[PDB]
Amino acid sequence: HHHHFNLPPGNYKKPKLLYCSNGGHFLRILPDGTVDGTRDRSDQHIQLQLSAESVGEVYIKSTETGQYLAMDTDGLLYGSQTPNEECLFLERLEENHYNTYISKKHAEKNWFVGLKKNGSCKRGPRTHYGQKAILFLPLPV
């Protein structure tokens, strides 16, 4: 293990919105595979279904498009049509409150899913423990 094992409360029964504290954006997976953030609660591409692989491991999938959130070799988030090793994330509790998502593939590097204040996604290597960009709150849709 490269990381702690404090898990967030909750389950995967229903889809969620992943709200980023940093700029107040919801994680969005565009039909074209693009990943970013939007403040529009009405957006049809912010509804995500999480599911667990192993305990503490998840897939994050677009309910609208079926695409899986994934982080590439260069730390860029993208929408994948099929589930692959780049699609697994370590879902953890952070600051005793939020949810963080660490790239399983790149766990040793501490690459997280994160959103900038301007709503653009952070590149893996630019993320790190202690940032606001990596903090998410799962909200019901």
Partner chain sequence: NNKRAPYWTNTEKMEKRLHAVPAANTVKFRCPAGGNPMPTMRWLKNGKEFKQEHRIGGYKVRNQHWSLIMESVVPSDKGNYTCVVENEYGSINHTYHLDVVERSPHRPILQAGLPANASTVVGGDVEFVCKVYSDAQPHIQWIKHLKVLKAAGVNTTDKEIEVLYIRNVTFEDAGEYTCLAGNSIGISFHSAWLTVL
Given for the second form:
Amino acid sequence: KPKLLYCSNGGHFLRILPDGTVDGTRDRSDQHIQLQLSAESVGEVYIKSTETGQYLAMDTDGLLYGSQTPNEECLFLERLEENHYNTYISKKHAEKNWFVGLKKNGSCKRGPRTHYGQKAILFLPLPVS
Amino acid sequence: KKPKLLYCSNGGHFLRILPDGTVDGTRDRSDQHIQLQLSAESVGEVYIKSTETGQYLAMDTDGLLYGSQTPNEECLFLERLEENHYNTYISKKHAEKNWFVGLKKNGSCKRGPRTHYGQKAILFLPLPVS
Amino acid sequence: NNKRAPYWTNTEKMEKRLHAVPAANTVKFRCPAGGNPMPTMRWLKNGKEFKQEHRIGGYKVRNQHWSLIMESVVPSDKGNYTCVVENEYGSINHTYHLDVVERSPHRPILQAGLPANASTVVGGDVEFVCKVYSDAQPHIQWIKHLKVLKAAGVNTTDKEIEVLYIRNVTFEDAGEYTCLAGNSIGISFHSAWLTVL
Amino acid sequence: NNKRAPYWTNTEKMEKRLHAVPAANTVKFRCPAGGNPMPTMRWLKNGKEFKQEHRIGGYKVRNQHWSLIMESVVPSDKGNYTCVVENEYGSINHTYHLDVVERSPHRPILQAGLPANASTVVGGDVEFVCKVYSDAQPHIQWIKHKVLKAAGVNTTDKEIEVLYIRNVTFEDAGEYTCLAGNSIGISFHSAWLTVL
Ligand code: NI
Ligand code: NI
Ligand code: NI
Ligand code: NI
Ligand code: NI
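Alongside the form deposited without the partner chain that was just displayed, please also present the structure of the form deposited with the partner chain bound.
Shown next: the complete complex, the earlier chain at its head.
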């Protein structure tokens, strides 16, 4: 079943646009937020849009984007932090700690400019509707 | 010539170079590290230095104001007297990018990349020592 | 001339309409209003009056900061909270939606970065550690690379399972150790490497 | 209850205490005030009542916006301006310090965006412009890269302003500069004429 990936910082849902751009909304009605979490191994996930079937990805500069071909840049490490929120790192650029995020306004937040103590990396899986 | 103060219209502060090497803005006319000393190499080029920590205002490769003790390439600013009669200072080195010296309304340095012609952050006026 | 019906004095602070949080948290809702006479404020849970006694722990209100506050939030709190600012010239209202989520019990959690890798000259005594946070006692086992060296409860105790020792190493001991922990909700696991010198 | 002593409704706008500006400019001081009954507002120049007849061109007030406006500021305006908001339950006040600055005598100034680059096909007539503002008639000269024209005896100011180039050639292509100066300093901006 699908879940939404609500970010605490702004309180937006994680979205992948047909335009392949990765932002964040608040429109519970929006279709491009109804994410589909899938796991390779345990702790490794694939988040794809149940609409444009796009796989959340992060290129070599730490920039979230919607690709249509599931690949190395689509592998994220889902983790439940002590505070009970979820934090997703880039398998690929994991060594540095490039988390998925969003700035207080609902826009992707460059992997490099991000960090552990940030409310931008914390997510919550909420029901469909 | 003599020591002047570089007042920024935006928030209404005096440019300031801290012993720390950090560049910000105060409102204390008495504060010491605001007594700047403008010196011009070529006409249109300048060196702003604290008549105390003898530090020269500088801008690194990411447009970030800092106090230097060794006058260098990142110390040269292009002094320009604008149509409205305020001065704007540009990084000689990063001139191509149009990176001005600036202060946010709270009196804190403004990173070059996030500054522009239209901002009141970049308008200064030299004022008497006292 | 000096009349004035309620108005918002800080729209950016009301931007976040949906409040989704883990239970036990504290939540604050704000409705900064302006107006003359100074407007009054009241809060509504799902439409009707939100009596203090309507939830364990009650709720605080900070009129000078136009806010409502609920501590140690619980699943029962889920709902719609609406403020209602008013004076004799009119009123305004806003509505926040709160979704509190009970996340425990959950899979065991391993403090990131651990176990820490290591390396030592043949004959030396290396050490490995696995810290696991849990509201219970998690099943934890050490796996060598298949051999399961230690196991919580089996051969080593809990206090003992936290630290995997390896006295008088060798070039054989060179490999990928693993910390596997888990419970009925699931498991977590992190590896480390012992480089023999 | 309905008893309310004057309060600041917008502290932000009041952040900037020191207002330093070029002469001639227009300054505005604001003191957004709240209070029931509605408070009243009055201004004070250097501690005393700022009466309209205290400056040439008096001053406008904006009750709606709790402000004071002074147009074409002069050095004689120098001073502290204090607002006093008050009603029967109390009063509050703020003080702004105004420092008007005569920037003259100053170097020439060139109207930004002039000279304007140009480009034309051989045969036509290209043009270049330089407008300069200075306390005294500015010494201005066009420099092609040799000194083309130069304001003096045979070239007047209105003439020097615009540099014409009839029936161009591929040789005329290059950097035309407008250099201007006075006893205090000099400024200069270039322009490129591309030949087609
Ligand atoms: Ni709900
Ligand atoms: Ni827990
Ligand atoms: Ni069990
Ligand atoms: Ni003064
Ligand atoms: Ni002038």
